[PDB]
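All protein chains but one are shown at their positions in the complex.
Going by the order they are written in, the chains are A, B and C; count residues from 1 in each one.
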């Protein structure tokens, strides 16, 4: 309910289980392992959210027993790309868990992202991008925060993840603790590779 | 030389460049590339699991081609199972070239890590134990009826990814660097995600 | 009450505040910053424990407002060394917080240490040593697990800290997640420097 998929082929199925935890059945990844999910809304409440990246049934940490994600056809996602395509900013107030095969997770929302006690579980790398993914010939090429003044805001209850965290936004505000192994933080209006290497920058004249 | 595949359908093709390149076997419908070996040892030059659909640049072995054993899909979990009585010695890095994946090494005879590590691996696991199958599907792992050791040597273990260490006993003389470390000792059975499902105790 | 100081000059004062959280007024450090505390019992319950390493009053995370530690005379501890001198093994089931000036914290208990949901807050380095500190001419020289078969046991709820964690014991058992930046783990019967570099080893003949 805080997570509302886009209508087309890139909108994943969203359900909820006991406690309110939302379960996202991510869309079929391409052959490079990218599951490109599109949303009208992407907000995570205190009950948290689970990306079902599992090819067999099992036990998730936030949502109990889940079956396999029937959208996966012999390959799990290696990168779970979550892209908000409406004007609605994102509010992340609980944990997002990758259930099944560990993967990288990206949330892009050019309207703004606020993380207050948010977090990522079973993810090798996590990225919050106040910006858009860039595509060419249908392949992910990187990310853009060009022509954007919106904000990535880390609230008092902070952000908890493992491994690599990318924080990519025109502006970044913070009011608490950021738990991760390394943080790559890039402010300003820029374009980036898929690995968040900076490729170009837009500067006032 | 250090990595020797086993003769059957589940033996990958292995060559050197001393860095060894393993063209892992085709993954099954659960995303598992199940590779079996008579020996699995990584030297200082390291090893590369070729999980690539297009040619490209590997960190440890230079420029490599696609793995033709894959039929249009990369593996999701690369399972490397030693089926002989030979323990594993890991003295260099193991890299997944191509599409990142999880990797597991199972060797019920013992595993020694001394300067080993994992590259481009979302979650890596070292299991002094055996995988459990049922209907040809991976069900978990077993350290039952086993007293062998996972040993971490002076030069330690490094990965930027998630790490699980599973063995009847663990010895250590060095540093473990990982995004997250789960370690489980004793004689147990496990799910695929290393939840302990049962434990074996003396009378 | 789970923490019982030794009687002599190296026994710190222990009190409890709302919820049961214990507050340790660590003994005066020497000039090198080592506060050498000795205990008959060192057990931390789910309510947690706080080392008062503060030279001014302030707000602790686990125990509310605390006054300055009157044992400190113009210098806080740089290393809080907690040494169990009885035969009683330690059970750590909650967080240990350093209140005041951040410091290194060491618990040595040659009888055994079990950590099940234990953790360290505001510590630059944390060490659990199933072994004894070594002293010469009244100075800390390092640590010993010689002539010891006892166990460091990490339970299902795991261990959470920041930065460097040393796990030093004849045997180490584990059943869960160990959260830290790096873990230096040394099994066997050994002697170590103050920085946990191995100096010697005892091996069966």
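Note that contacts are C-beta pairs under 8 Å (C-beta built on N, C-alpha and C of every residue); 3 or more make two chains touch, one makes a residue touch a chain.
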item: Shown chains that the omitted chain touches within the full complex; value: A, C
item: Among C:75, C:86 or C:157, residue touching the chain not depicted; value: C:75
item: Which of A:15, A:28, A:40 or A:174 contacts the chain that the document leaves out; value: A:174
item: Contact partner of the left-out chain, one of C:104, C:116 or C:166; value: C:104
item: Contact footprint on subunit A, counting only the chain that is left out; value: 154, 167, 171-188, 198
item: Absent-chain interface as seen on subunit C, which is shown; value: 31-33, 55-56, 58-59, 72, 74-76, 78, 101-104, 122, 124, 162-164, 181
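Basically, only the chains that are shown with their structure count from here on.
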item: Centroid distance [mean C-alpha coordinates] between subunit C and subunit A, Å; value: 39
item: Euclidean distance of C-alpha centroids - subunit B vs subunit C, Å; value: 35
item: Subunit B: positions in contact with at least two other chains; value: 180
